[PDB]
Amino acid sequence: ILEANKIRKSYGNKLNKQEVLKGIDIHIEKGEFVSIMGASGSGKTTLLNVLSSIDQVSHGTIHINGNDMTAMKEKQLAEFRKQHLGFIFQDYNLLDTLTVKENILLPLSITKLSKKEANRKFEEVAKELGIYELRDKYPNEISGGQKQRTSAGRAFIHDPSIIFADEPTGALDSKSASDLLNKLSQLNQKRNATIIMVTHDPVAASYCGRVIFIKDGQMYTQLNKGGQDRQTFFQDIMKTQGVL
């Protein structure tokens, strides 16, 4: 979908200034599960901020599905992200005074849409994720993995195109993380939607198909999987990270 061309972020508080982003070139296609790995100090959070266009971009040309991110205003940018983009965060952000159905239907209740389509979307999503049986409970009485799965289900209800995602393994153990990654991989194949994980855990990135290693900027040095068995690829990822 998008293209990265000399992606740079400006700074300059007081006198000291850092060049965190030194030009980024990324080419990805529909129906991919690209992961952007790396090492601490490379501004991965700033990479998300620039990629998501939450912060005002300094330089570089990026075209989200044929539309430049410098070609629209603030309100236009907000409308574009709310109509074309979805988010999943590290710490689940679910209101504790709502239910597992209203939490998922909240983003689609501020769009003036009839009840039948919303009900159909909720049914299909909760059936494909496995939380439909818990359709009217509260987030104060469900386990750790189901809360993250509900947070992921929020971003899949308004038919987006790119699913941005911070580390979805920070506060999860092995079983919950494996189940969530398997569910995300299953959801990727059904409807075309790119997922861009940015994690520092090889286990969570071993379910991907395209890993990028960033030390200070444009580095590439990427693997491509292809026909591996999720184990040799895991060892290759660990080896190529250990070399750096």
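Positions refer to the first chain, counted from 1. Whichever C-alpha set is largest while still superposing within 1.5 Å between the two forms counts as the rigid core. Compared with the form deposited in another entry:
- Annotation: the position in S206, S178, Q218, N188 displaced by at least 2 Å at CA between these two forms, with the core superposed, corresponds to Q218.
- Shown in the overlay between these two forms, fitted on the rigid core, is a CA shift at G12 of 2 Å or greater.
- Core-aligned CA deviation for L113 between these two forms: 2 Å or greater.
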Contents of the next structure:
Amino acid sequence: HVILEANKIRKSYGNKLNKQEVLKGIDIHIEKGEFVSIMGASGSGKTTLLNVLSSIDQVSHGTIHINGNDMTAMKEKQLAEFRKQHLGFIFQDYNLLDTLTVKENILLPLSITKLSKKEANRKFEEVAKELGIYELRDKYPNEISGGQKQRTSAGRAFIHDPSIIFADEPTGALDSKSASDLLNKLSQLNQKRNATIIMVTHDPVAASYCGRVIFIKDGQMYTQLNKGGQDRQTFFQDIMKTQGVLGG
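Provide the structure of the form deposited in another entry, given the form deposited in one PDB entry shown above.
Keep in mind that what follows is only the chain, not its partners or any molecules around it.
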């Protein structure tokens, strides 16, 4: 059961004298309930790929099919309304509005639907107690630590149970303990409620929590690893071994 499907997508920046090509013929096949990671260096088109896969940017060529709907024909407003309802986003950086509390920040996407009052106050607590922020419900974002804001952002992204969740280096601003805690909670949330997460990283430690790793280099995918029955340590060692060949 494929959820996302791309066929030979391309993308370029600039014009005339500074027209550079970033993506060159990429094929992607993500399934339902999978937790996939694309790993590459800092010059590879990871953010560009995540932008064009979620309809934030526009491809020069190719075709993208999310959940059976062709997204190369919607103009702008259909794409925005599709993003508003069916997708979730987590970013490495500022996600929370400074003038709202935690509750009013992670109850924002539910305002489109008008899901009563108790039908929203129950779904808020059900996801808040799963991340340990239920005692931080009436605190402004300038009164909480670094990892608590990221957990709050993840709770906001998971509340309306979208089809695909796009994460761009979620643990790029946390120390070791906070990063490990957030990654473990993300994995548990994935396993409990079946959700497809596509994450782009440049850290093998954060990529060892996944189930399939795709190695990108200059807009071309050429390696795939599958976890299988191995635990986290063996998968981490295998990822380290694979990363050593593409760099030497």
